[PDB]
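Trainee: The chain contents come next:
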Amino acid sequence: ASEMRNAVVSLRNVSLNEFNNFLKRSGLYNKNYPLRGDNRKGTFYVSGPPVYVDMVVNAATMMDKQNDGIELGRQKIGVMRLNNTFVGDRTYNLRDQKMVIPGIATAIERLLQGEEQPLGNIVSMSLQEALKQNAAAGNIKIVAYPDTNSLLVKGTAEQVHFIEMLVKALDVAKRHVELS
Amino acid sequence: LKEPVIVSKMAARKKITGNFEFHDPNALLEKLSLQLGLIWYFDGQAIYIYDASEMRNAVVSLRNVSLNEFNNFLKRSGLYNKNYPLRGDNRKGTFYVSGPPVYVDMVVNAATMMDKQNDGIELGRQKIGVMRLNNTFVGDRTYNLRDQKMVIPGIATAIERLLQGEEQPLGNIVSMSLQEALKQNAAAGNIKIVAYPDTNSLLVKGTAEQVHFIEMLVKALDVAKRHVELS
Amino acid sequence: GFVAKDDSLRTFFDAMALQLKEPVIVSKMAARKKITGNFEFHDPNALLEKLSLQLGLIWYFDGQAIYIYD
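Chains J, K and L supply the protein sequences, listed in that same order. Take the first sequence: its letters are residues 104 to 227, 252 to 307, numbered as in PDB author numbering. Take the second sequence: its letters are residues 53 to 227, 252 to 307, numbered as in PDB author numbering. Heads up: the third sequence at position 24 corresponds to 57 in PDB author numbering, and the numbers run straight through without jumps.
Accuracy of the hints is not assured; some may be wrong.
[As the list claims (entries may be wrong)] Taking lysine to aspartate or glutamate pairs in the EDC-like style, the calculated list, with each CA pair at most 16 angstroms apart, reads:
1. K:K127 x J:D141
2. K:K61 x K:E121
3. K:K268 x J:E219
4. J:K201 x K:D192
Derived by calculation from the structure, the hints in this document are not laboratory data.
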């Protein structure tokens with residue numbers, strides 16, 4: 104009993120509750136000696152016999168090197184049909200000035216240029256979530272597509288939801304003005 | 053007790069005389085800090101009883117976690133010794149450690165592992181704002197008045213070159253304390269505005285107060301123009 | 034209260050830890066000398082302001098412990 108060791112081991116790609124259910128399936132979990140967790144911290148704390156102490160230290164190192172090769176991001180493709188305007192840049196050859204009008208897919212294309220950052224809230252599993260709400264805004268890529276008057280967007284599974292909140296609040300139905 | 057008890061070399065040295073019933077091993081040790089002069093720590097599955105003269109200290113910096121953010125972490129963990137609280141400082145990103153050398157050295161490794169997690173997590177949440185203008189057009193207009201080719205810059209070209217470069221935040225228009257101070261430390265150069273003509277509207281982006289804040293500017297910059305007629 | 038009569042400071046400053054919930058830790062030079070006098074344990078913080086006028090020691094209370102040095 105006097106030979107009990109301690110250990111402080113960081114855990115990169117596994118959550119604290121993700122790690123605890125791993126030992127239940129393994130059969131190596133000593134229910135008499137639980138591991139001591141911390142909800143907003145990616146570590147755990149070890150107490151017990153020096154075989155079981157040194158075994159779980161090598162466990163967290165081998166679990167984290169596995170999930171470094173596994174990539175978490177699942178890009179999905181969304182298709183929005185516009186309703187109140189065309190797509191693509193239009194030019195008006197009005198013979199006094201060559202004016203250009205950029206479309207949807209050119210405006211917010213150069214808006215999100217570069218900018219390693221995530222994007223927020225439009226105004227007119253905690254590490255498992257925080258690492259997919261840490262996706263780059265520059266990884267959005269939008270291509271116009273005329274013969275269905277539709278857009279092609281791509282992103283991680285909330286920001287393809289999230290720019291479609293923008294484009295729904297940006298194509299209002301235009302109004303007619305007549306002249307005399 | 054079902055949980056075993058582990059003592060040190062100095063803790064197993066002395067003796068004792070008195071009535072000490074084993075009906076509550078946790079409440080007995082609070083009296084044994086008043087009788088034997090020892091310190092103790094119950095992590096949840098064992099008791100670590102060490103010498104009182106072996107108490108260590110520690111000064112550990114804490115980068116991406118606040119002082120009240122760190123304190124509620126130990127409440128959820130079950131490792132928090134309410135008998136030995138940690139000593140905080142409201143405008144300082146550290147904390148101070150006192151107790152047994154297991155519990156002292158455990159929380160030193162705790163703050164190092166919590167700060168390396170939140171370095172990968174990025175705090176900034178850019179949002180996109182859409183302002184419809186009311187009293188002027190958008191985009192640069194040119195007047196081909198055949199005596200001089202004059203140019204008139206729009207909204208989105210004027211304050212575009214105004215905020216060029218300039219790693220700095222922006223202030224107050226004149227006509252959780254570290255959690256806030258690191259998002260009021262966003263660069264003014266990261267604003268990017270693109271004009272958008274066929275709704276006569278702007279597209280702006282920024283962190284969640286400066287997209288509020290340049291819209292205070294553009295609301296005070298497009299006044300309705302007045303008519304002058306000539307004879 | 035309690036009256037000290039030529040006892041060592043090792044047991045005397047441990048007697049403060051016998052009364053106060055916060056333990057008392059002294060150094061090697063602080064546990065060397067002795068004391069004689071009436072020093073009641075009713076206020077361990079106010080007793081040490083008198084013990085800088087009797088024993089010639091310094092002390093610091095961080096909030097959870099007392100560090101009494103030379």
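Trainee: Within a Cα-Cα threshold of 16 angstroms, do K61 (chain K) and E121 (chain K) meet the stated pairing?
Mentor: violated, 37 angstroms
Trainee: Verify the proposed pairing of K127 (chain K) with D141 (chain J), using a straight-line Cα cut of 16 angstroms.
Mentor: With Cα atoms ~9 angstroms apart, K127 (chain K) and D141 (chain J) stay inside 16 angstroms; holds.
Trainee: Verify the proposed pairing of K268 (chain K) with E219 (chain J), using a straight-line Cα cut of 16 angstroms.
Mentor: holds, 14 angstroms
Trainee: For a C-alpha distance cap of 16 angstroms, please report whether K201 (chain J) and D192 (chain K) respect it.
Mentor: holds, 13 angstroms
Checked against the numbered hints above, the structure violates only hint 2.
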